[PDB]
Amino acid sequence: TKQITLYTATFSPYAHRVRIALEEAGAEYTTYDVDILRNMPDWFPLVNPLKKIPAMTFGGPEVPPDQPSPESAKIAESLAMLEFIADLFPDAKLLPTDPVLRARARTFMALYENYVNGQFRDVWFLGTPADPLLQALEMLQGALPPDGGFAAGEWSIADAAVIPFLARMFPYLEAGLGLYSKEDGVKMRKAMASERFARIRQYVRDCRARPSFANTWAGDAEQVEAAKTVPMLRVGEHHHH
């Protein structure tokens, strides 16, 4: 019965995580776009003082999202939101019930956060060399069950945490968006198409085929256009060597 409002932005993989989870949960919820990188509304720090998307309000009186209530719980940090949605909707089985399988999900989310995400950021925002990112992606790929399935076997929030980033990689590379050079772009495109990365390609197809992805993705071309609005992606700019 308690309302959920998610403050979102199409470009944001962090917001995308939470939309996927809410879809998989069958939740009733509102989304409200915020132009966080270019024109943040003066009320936005009332929902998230960190001034980041996503933000979430929970409960309180039903109010317009641009008039947030002080009575709603304010929840920050996308991974905390994923665990919250799992806790709110236990019948949706957004995590396994077995402790070891649950730990596979948590480990996969930590491997992504601690080893992969920062490599994506370095390559895309600074144009650092692509090899350490490919190495990190090969490590993450090796944590998947080789013969098929999601991170913990059955789909879980671990897959919501990771697919937004992997799904953006392919179309962003095809558009040449990000500070890496053409040489490294070609290298990453060839690597991600090679047998070395067949398993992570299967993973991306499997996550993308679910309605939770279809219903929260604008389309590859539209997602690229939204990403070009991100100041830190510096459309038209590339660093070399």
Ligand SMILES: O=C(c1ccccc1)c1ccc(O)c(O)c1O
The other form holds:
2 protein chains.
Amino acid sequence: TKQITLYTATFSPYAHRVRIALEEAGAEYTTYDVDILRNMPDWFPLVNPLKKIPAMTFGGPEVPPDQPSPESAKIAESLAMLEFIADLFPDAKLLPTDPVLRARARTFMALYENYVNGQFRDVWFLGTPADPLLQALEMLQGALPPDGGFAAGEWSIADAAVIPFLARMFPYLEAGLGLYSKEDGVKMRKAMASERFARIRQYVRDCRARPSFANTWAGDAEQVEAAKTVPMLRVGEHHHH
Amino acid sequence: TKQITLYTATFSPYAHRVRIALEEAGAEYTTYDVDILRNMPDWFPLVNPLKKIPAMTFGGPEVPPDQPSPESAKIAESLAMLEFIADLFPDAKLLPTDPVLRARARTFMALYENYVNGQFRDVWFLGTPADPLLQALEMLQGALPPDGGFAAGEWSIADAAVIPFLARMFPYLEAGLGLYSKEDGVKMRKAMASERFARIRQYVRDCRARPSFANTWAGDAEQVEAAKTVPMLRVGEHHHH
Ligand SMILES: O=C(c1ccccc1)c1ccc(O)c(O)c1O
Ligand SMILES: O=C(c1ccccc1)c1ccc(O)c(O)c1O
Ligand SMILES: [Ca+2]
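Having seen the form deposited without this ligand, can you show the form deposited with this ligand bound?
Starting with the chain above, the whole complex follows.
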């Protein structure tokens, strides 16, 4: 029953992870937007000393979000939050019960975090070459069950971990968002439409189809607009190699 | 009844993380060293096609390590492995039971993976400036309970995640091992001996005192020797500004 507050921002795929898990848990919770990149509020370091989004407070007295309680637990780091939601809500089966299937879920999150997320970040925010990101996405795709399903078979927090970023990639490419070259945008677009990535396309579609996504997504159009506010997304700038 | 094989390498802190958890778990297991950085066996991509240490097999018929079975579960990524071992040995209490303390464990691992490991890498492999690593260590020291204890109070896999790296840092610094200058090496040794870092020195002592560390650590001088065999550590080489 203890309260849950998630501090969030529409553009943020990390915050999006946790909204999805909270929907899949059926949790009662409060979200509060934080302009973390343009105008961080002065109280925000009390909920997260690291000054990143998402931030979560857990239990303590019901306060307004801009009036955080010292008595609430402050949880940082979106993957830690997903595991926490799974622990709080075992009835929701947000992880398998079998230890091998659970390791499948954990390995998928690790593969994404360690080899994929850094490429999305560099390609989009630094304009680094696209080929290593497509390699890493082919690798991640190879970890999926071949005949359909989610990362560990049944949906789990592994899929909440990963869909926010894969679901952003297609519309951002179509909107031309990112500091990569024209040449790599075409390459990525043709690639993500090619037979080689059909499996990851089916996985995006399957995850997007769940209420947890539809209820945490502003719409492709609106998410593009939100991304367009990110300072690092310096419009009119591209890098070439 | 299910067999565990860990493919290992003495120099590897990621392999070392999983050895420590297995010792804490009371597990029955086999380790098999792989010269991954210099002469990888060709069967190796059969247990981990990412070609990385550690690798793990679980179950299947008991075969010699160098003849893996296509029937064993192949588990990759050391943090996935730590969670797997905690799932396999719940009577060993490798994580807390309380959800908030579990979240402490998960957050500390994410902080190290997300903000510290990349800095060690930068400083030791590219000899970049030492100061952002010291800040990130102070951040991580800040997450520990100030008056004593491990990351989550009781010992947990979060400690297995982190001590392989911290425990290596001190002897490598004594050895000049790494691409950083003498000057940054001095600054780092002085810093890690100053009162600023008393708490993280305590944590390393407390982790190193447990048998799980003793039984998985070849000795300070031996671990240094193994580290010299790592090409990217480029022994006798140093960068200056
Ligand atoms: O928004 C994105 C993003 C998401 C999908 C594709 C490209 C970029 C993003 C990706 C990594 C990050 O580390 C990060 O902070 C970010 O905002
Ligand atoms: O071995 C080390 C290392 C250990 C202690 C201090 C400095 C570096 C290490 C650190 C990051 C890595 O990504 C990695 O592969 C590594 O081997
Ligand atoms: Ca496969």
